[PDB]
Amino acid sequence: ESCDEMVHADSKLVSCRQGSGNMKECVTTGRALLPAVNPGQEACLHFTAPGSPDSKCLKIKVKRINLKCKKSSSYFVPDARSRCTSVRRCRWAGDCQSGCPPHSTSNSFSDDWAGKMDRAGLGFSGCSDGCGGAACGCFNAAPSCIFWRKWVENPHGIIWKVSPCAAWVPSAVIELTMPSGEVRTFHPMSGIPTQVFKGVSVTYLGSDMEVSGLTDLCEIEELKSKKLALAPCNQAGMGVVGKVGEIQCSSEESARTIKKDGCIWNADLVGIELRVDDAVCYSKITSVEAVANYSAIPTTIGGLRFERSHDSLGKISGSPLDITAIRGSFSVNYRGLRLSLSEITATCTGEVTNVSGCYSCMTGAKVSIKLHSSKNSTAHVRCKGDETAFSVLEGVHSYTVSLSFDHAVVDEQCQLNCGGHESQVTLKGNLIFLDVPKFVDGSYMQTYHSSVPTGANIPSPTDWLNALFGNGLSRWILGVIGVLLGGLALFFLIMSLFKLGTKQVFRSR
Amino acid sequence: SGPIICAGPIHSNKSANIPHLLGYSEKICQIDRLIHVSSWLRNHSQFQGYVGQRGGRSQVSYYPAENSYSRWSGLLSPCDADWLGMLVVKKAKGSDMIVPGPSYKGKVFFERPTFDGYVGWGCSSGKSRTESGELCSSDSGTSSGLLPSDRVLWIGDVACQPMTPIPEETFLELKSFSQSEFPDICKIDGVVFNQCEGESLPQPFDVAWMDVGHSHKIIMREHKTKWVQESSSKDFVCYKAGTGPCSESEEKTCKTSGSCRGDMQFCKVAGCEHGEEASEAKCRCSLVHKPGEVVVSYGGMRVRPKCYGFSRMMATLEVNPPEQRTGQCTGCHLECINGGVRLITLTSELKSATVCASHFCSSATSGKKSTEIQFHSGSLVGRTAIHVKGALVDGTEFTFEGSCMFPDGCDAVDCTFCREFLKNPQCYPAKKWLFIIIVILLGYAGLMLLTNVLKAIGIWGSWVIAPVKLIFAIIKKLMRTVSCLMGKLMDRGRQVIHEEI
Ligand SMILES: *[C@@H]1O[C@H](CO)[C@@H](O[C@@H]2O[C@H](CO)[C@@H](O)[C@H](O)[C@H]2NC(C)=O)[C@H](O)[C@H]1NC(C)=O
Ligand SMILES: *[C@@H]1O[C@H](CO)[C@@H](O)[C@H](O)[C@H]1NC(C)=O
Ligand SMILES: *[C@@H]1O[C@H](CO)[C@@H](O)[C@H](O)[C@H]1NC(C)=O
Ligand SMILES: *[C@@H]1O[C@H](CO)[C@@H](O)[C@H](O)[C@H]1NC(C)=O
Ligand SMILES: *[C@@H]1O[C@H](CO)[C@@H](O)[C@H](O)[C@H]1NC(C)=O
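In order, the protein sequences belong to chains A and B. Start counting the first sequence at 20; every next residue gets the next number (my numbering). Start counting the second sequence at 50; every next residue gets the next number (my numbering).
Isolated chain A, as found in the complex:
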């Protein structure tokens, strides 16, 4: 129950309605520029209506603002062995006379070949010349014909999901909420929208913090044991020998069992040499488990610690080391969201209980108030500095809000109002100062803080002594004179014995 970085939204664009037992109802189109704020707080979109004394909010809360990557394309890589088959004939029949009768091999020229089955996979039929005669088993003294077929298979059943991408632009995770009761979480990226949920599209604008060194690198992830790594890989389509991506396949239905159609492979991977009467082949493929620059889950490439994050999209995240900073902002675009206004005033009165927390800090000071209301309106607690909004419930309850102060005493007055009952409240308390957190070994940060307070760090008077001295204008002077006198006589009385310890080294022992 809190808010921060109010924008007051935009009015005069709403179109009012009427019907169905009050509940005026409305539709709005517009824009906003909510600030990014630190991960843990929220920025809201307080709405208003010209006639009705009610309001509804729209708050955006950020949890992780990591440095996830983009996605040019995706594909599935299966591990493949090599298999071969061969058939030997003799030059006695009317089917073959000398090698391949035409210029190029067509179809298969024979049956029983392991290319008409379902699990055979891609093949490359070929013909060659081998030994022939009495010593080999032919009745003709001419070289015999050998027909060979090579293919790949996938015993076991591992399957790799690959997404080639070199953008590495900052991103974030947010928990958007509709005014009425809805809550849904999704992840925007710095430059692209996040699709329409119910008429609200929120996009992020970062600062494009360049990494130190990151060439073409792809996040590979097994789909059985969930082991993630970063390895070089080629773009979708063409397969260059040397890196992962030679058995390119797109559907995880024909990837485990490689089919003739559905995906593309290259040649020169199942190369076959012919023996005197048979054919045996050895694979030149390299498994993805060891190719080049194969990292693991924890890595320290450049100045970023690439840990593993548990999300739904882009399950590889960067992280800074100490604090760092990214200066970005959201831009809400709402098209046809509908909101309902009670159009009935109600009683609303309360007072605060206590304030406590920081000085100018990274979290502000918490103020706790108690309210007694007979509606479901939204409060508009405003003051000289920040202003906050929340949701009040039926009956008597208590709520906490965050207000950012600047000095070591609070005596201001607020103007709390909910629905139609503008009134006055008060504040009182004492606050302390806590600086920016330091760095401690053993902690691996995973967030990009988007704001750090600096420039107001100097010692101050009228508080350097309020716990050192009394309290009063003349008391200050009296205490100063007393503290000045308290030690002068003691210091200047030891002069008599100072020589007793000073002249020992310069006189007789």
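Worth flagging that the hints you see were computed from the coordinates, not collected in a lab. Where a beta carbon is used, it is the ideal one built from N, C-alpha and C, also for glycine. Treat each hint with caution, since some may be false.
[What the hints assert, rightly or not] Straight-line Cα separation of at most 25 Å, DSS-like style, residue types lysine-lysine; simulated pairs: (1) B:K304 x B:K289; (2) B:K273 x A:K303; (3) A:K385 x B:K472.
[Unchecked claim] The calculated label-pair distances, taken between Cβ atoms and stated as ranges, are: (4) B:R374 x A:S387: 54 to 62 Å; (5) A:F458 x B:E230: 53 to 61 Å; (6) A:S226 x B:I506: 54 to 62 Å; (7) A:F458 x B:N369: 36 to 44 Å; (8) A:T318 x B:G495: 50 to 58 Å; (9) A:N373 x B:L395: 38 to 46 Å; (10) B:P474 x A:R203: 51 to 59 Å; (11) A:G118 x B:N62: 51 to 59 Å; (12) B:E384 x A:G489: 18 to 26 Å; (13) B:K283 x A:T305: 53 to 61 Å.
[Claimed, not checked] Partial list, derived from the structure: chain B residues whose beta carbon lies under 7 Å from chain A: (14) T274; (15) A440; (16) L471.
Assemble the complex: chain A is given as a structure, and chain B with the ligands must be docked to it using the hints.
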């Protein structure tokens, strides 16, 4: 291209006998007339008539259509082998289904090689197969007493030949090995193959197979064949001009006797003789057209197979409902020791977890059970809302909440920027007095050594080397007073010497 011994028969009897002959050459002459089907029908099916009406053997239809092992003629079909004395074809059984192959309308009899052996199906007189193949439908077309050759169908392509037997020990190792290629097939036609405690609806699948003669055949996926012509002692069958095959005694004597006219291939081996003769050829012939005999070289050991074919078959596939999931953890609890939470896991070890604090985040060390996670020291004050998400081993994803109590107005720093703006608690309240006393003592004994300098100035010792440079500067300044004297004196003298005129 199919004519082996002679042309196609005609036949006249409505129900003849087909006497059984003893000569092997006579047998091979008989096969080409399509009489094995008739013998299989008249013996058991009770049907009266003859199949293969003036069509011979080459006109028998095949389901593969364009396929190998058919352009030649020396290959032996399973029916010919059965009539030659190998294993008897099993009778039709009601537990064997028909593969949905080609159109069956108009056909009268077909056969299929199964896992146990070979089976055959047909109908009685006046009935034919339907378009699907469940029952024999009565048709008036098949009532003229003549059945053409195309009404007999054969499924798949096969070659069968005599084989050399092997010990059982070398066979069992095959059956296990072939079972490691497909960890999906569990039961084929009611014959157990594995243990999957579950079946599915059978579906057709086309595979190759190899027959050894010891058990329920062998399934083939990858193998290297080798055709061998051989033709050692008995591979030639032949006939005479017009009359047909020669007598059994002539065949027996020809291999051992002398002058026997024939092809040069048979001449070079039989022991033929030459001389003056006339048009009295004694069953002259040649070598029958066939590629030869096949061997198989599966990974080491080799074996000559009894039959070798490629056809469709009925089989099932394994099915498993693995979707069960686990949930999240089992009674995990969150502690708070000092400046950081401490996760506890009971079900298994921790693979990776991401702790989300009030305004920070951190990653677990991972590896142990009671892992310890530390945040940045300095800002963990107040009441937090610790929220953890992560995944354990063996595929479980768990989330948890919780909180603890942390110092509210306590910072506890020794000497940094955190205190000079906060003199009110500053951890130990009675600590600012130490700073005040020390700073005032240093201030007094940091000014006492200023009056000594003021009364005894330390620069006068350096006031003895600066006047040296001043003396050099003065000497330089007074140096110029001599040149303006000497040069002017010389110029004045020269002028005076030349001023007399
Ligand atoms: C089909 O019927 C014929 C006719 O009897 C059977 O031929 C007999 O075969 C046995 C052994 O092969 C001989 O001892 C008999 O002399 C044959 N009979 C005649 C009349 O020559 C043949 O076995 C039958 N085929 C079957 C039942 O599959
Ligand atoms: C892998 O590391 C080597 C180490 O020097 C580096 O030179 C090379 O560029 C890296 N590979 C890729 C694809 O970046
Ligand atoms: C402030 O008031 C709240 C009542 O909501 C109470 O829970 C809390 O303990 C109080 N804190 C102090 C420091 O008085
Ligand atoms: C007002 O809010 C309470 C609690 O959020 C809810 O139970 C109630 O239904 C709301 N009033 C109406 C009219 O919906
Ligand atoms: C077959 O035909 C011959 C005459 O060609 C006849 O003598 C014989 O009885 C017939 N066989 C029968 C009717 O079974």
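Outcome of the hint check:
Between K304 of chain B and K289 of chain B, the direct Cα distance comes to roughly 16 Å. Compliance with the 25 Å bound is thereby established for this hinted pair. With a C-alpha separation of about 22 Å, the suggested pair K273 of chain B and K303 of chain A falls inside the 25 Å cut-off, and the hint holds. Taking the CA atoms of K385 of chain A and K472 of chain B, the gap is about 22 Å. The hint holds against a cut of 25 Å. For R374 of chain B paired with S387 of chain A, a C-beta distance near 42 Å fails the hint of 54 to 62 Å.
For the pair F458 of chain A and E230 of chain B, the supplied restraint of 53 to 61 Å holds, since their beta-carbon distance comes to about 58 Å. For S226 of chain A and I506 of chain B, the hinted distance range of 54 to 62 Å is satisfied, since their beta carbons lie about 59 Å from each other. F458 of chain A and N369 of chain B have their C-beta atoms about 51 Å apart, which leaves the hinted 36 to 44 Å range violated. Checked against the given bound of 50 to 58 Å, the beta carbons of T318 of chain A and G495 of chain B, roughly 54 Å apart, stay inside it.
Distance hint check: the CB atoms of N373 of chain A and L395 of chain B are about 40 Å apart, consistent with the given range 38 to 46 Å. Our hint of 51 to 59 Å for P474 of chain B and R203 of chain A is violated, since their Cβ atoms are close to 44 Å apart. Checked against the hint of 51 to 59 Å, the C-beta distance between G118 of chain A and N62 of chain B comes to roughly 52 Å, which is consistent with it. Restraint check, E384 of chain B to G489 of chain A: a C-beta distance of roughly 45 Å breaks the suggested window 18 to 26 Å.
Distance hint check for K283 of chain B and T305 of chain A: the Cβ-Cβ separation is about 55 Å, which falls inside the suggested range of 53 to 61 Å. At its closest, the beta carbon of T274 of chain B sits 5 Å from a beta carbon of chain A; the interface hint therefore holds under the 7 Å criterion. Below 7 Å, beta-carbon pairs count as interface contacts, and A440 of chain B has one with chain A at about 6 Å; its hint therefore holds. Annotation: interface hint on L471 of chain B holds; nearest CB of chain A at approximately 5 Å, less than 7 Å.
Hints 4, 7, 10 and 12 from the list above are not met by this structure, while the remaining hints are.
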